[PDB]
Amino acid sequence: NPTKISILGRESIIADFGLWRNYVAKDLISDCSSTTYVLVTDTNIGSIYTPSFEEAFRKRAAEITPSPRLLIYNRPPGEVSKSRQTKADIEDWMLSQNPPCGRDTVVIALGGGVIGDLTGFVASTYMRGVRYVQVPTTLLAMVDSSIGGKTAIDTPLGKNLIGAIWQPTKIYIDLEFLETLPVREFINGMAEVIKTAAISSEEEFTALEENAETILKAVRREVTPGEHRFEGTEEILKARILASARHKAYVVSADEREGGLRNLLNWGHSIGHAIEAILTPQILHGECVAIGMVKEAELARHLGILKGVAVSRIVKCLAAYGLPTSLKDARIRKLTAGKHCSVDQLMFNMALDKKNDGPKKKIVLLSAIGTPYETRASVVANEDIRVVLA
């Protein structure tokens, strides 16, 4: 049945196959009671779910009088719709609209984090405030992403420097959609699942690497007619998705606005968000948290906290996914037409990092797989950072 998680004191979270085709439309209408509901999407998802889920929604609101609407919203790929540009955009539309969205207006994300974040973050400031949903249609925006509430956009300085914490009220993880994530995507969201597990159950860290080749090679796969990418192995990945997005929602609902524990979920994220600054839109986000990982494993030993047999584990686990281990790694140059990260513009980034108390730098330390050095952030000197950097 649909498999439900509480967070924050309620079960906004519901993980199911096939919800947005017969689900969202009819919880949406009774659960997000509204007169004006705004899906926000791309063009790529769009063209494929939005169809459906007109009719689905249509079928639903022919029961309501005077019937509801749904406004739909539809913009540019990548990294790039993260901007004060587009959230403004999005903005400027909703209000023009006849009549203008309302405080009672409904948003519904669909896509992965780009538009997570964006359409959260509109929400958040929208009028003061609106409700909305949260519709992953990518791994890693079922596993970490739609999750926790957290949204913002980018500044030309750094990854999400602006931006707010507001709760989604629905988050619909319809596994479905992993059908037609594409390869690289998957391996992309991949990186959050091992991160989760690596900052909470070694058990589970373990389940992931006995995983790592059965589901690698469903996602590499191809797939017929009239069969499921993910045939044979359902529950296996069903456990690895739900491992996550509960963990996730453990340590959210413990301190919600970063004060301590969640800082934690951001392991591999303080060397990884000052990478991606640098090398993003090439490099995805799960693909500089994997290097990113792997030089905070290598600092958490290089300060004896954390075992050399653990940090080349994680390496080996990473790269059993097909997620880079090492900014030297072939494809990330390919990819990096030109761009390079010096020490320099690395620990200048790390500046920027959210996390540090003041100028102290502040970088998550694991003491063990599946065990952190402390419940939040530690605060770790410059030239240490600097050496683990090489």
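Numbering follows the first chain given and starts at 1. What changes on going to the form deposited in another entry:
A hinge is where C-alphas change from fitting one rigid part better to fitting the other better; between the two forms, that place among 88, 180, 23, 129 is 180.
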The other form holds:
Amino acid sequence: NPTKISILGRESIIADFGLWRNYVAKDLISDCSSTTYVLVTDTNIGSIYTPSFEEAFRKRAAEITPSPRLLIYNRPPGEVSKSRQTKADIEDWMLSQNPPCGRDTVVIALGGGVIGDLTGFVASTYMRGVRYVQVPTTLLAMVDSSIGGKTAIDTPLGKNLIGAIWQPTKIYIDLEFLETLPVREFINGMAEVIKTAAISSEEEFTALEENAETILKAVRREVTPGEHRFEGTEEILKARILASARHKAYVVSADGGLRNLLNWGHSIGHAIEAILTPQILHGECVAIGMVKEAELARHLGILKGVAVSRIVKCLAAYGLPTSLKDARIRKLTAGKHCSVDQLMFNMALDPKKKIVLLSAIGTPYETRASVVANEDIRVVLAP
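Having displayed the form deposited in one PDB entry, please output the structure of the form deposited in another entry.
Here you get just the chain by itself.
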């Protein structure tokens, strides 16, 4: 049975296994009644899941009268698609439709944090805003990128510079997408997952700690014909993940302050990110950022050394990097390292920086980011 989570006090998230093949299509033409449905995704994810829906759709589609339409759009993969250019193409394609897609349109963003942010924004402006729904296919996008309504596109001058806040009418979470998801991508998203637990529930973090081996194996497992990747670990998985989504959903319904706690490990993660990108992923930087930011709390006497080692353990126990000198990261970027001045500078692109400090695993020092001295920061970065 699907689990329903609420955002901004309203039905929104519906999670379970395989909602894609048998749920979305019907649930759409039911709740999101419309005559036109524009699906957007990238060739990568598309080619793997597009066919299934065209079937699921036509199915539930023709069942009703008149039958609505499904127009599909495939954009190139990569961060390069979140651009003023494609957005317009998308729009233009839509207006070009016969008949042109109208305000009654219901857009479906099927993808990771990229297709999400892009399609969300597209909807947010098409004829001053039209309905849309999230169908994250990335772990991260499932527990973050798709919850909150934050949408945007990049500019050669920066990322997420142009966009808007546009809440999706529905956020379908089909855990099966994680079957085909690249292992590195899974492990990437896990960072957020952990982040979540670390600032909300001690019990949750602990469970994570236990399930690691279990979950990790599955992802790395060899799927025998006829099978489904997570057969047997469904609840352990579904639980741990929704745990995060649930939290993000909660904090979004509240915040400005509380919502700042979602930036744990990010304060430093982003400074690292700026340098190690794009060879290194987000969650990868955030993972290290978390460790570093964790070490910082202890340094200020807030966090117990015990917990610092516990966070490091959990991260690495899931395949996440824990130091800037991580051997795997090295071979991935020959000729690149993060000076302390570069880090501290990158952080300034946001005398005293604001940071989420943990009092203990599950309990943040405050209900928001605290102000730390540039000097104290400089010591956790110091070799």
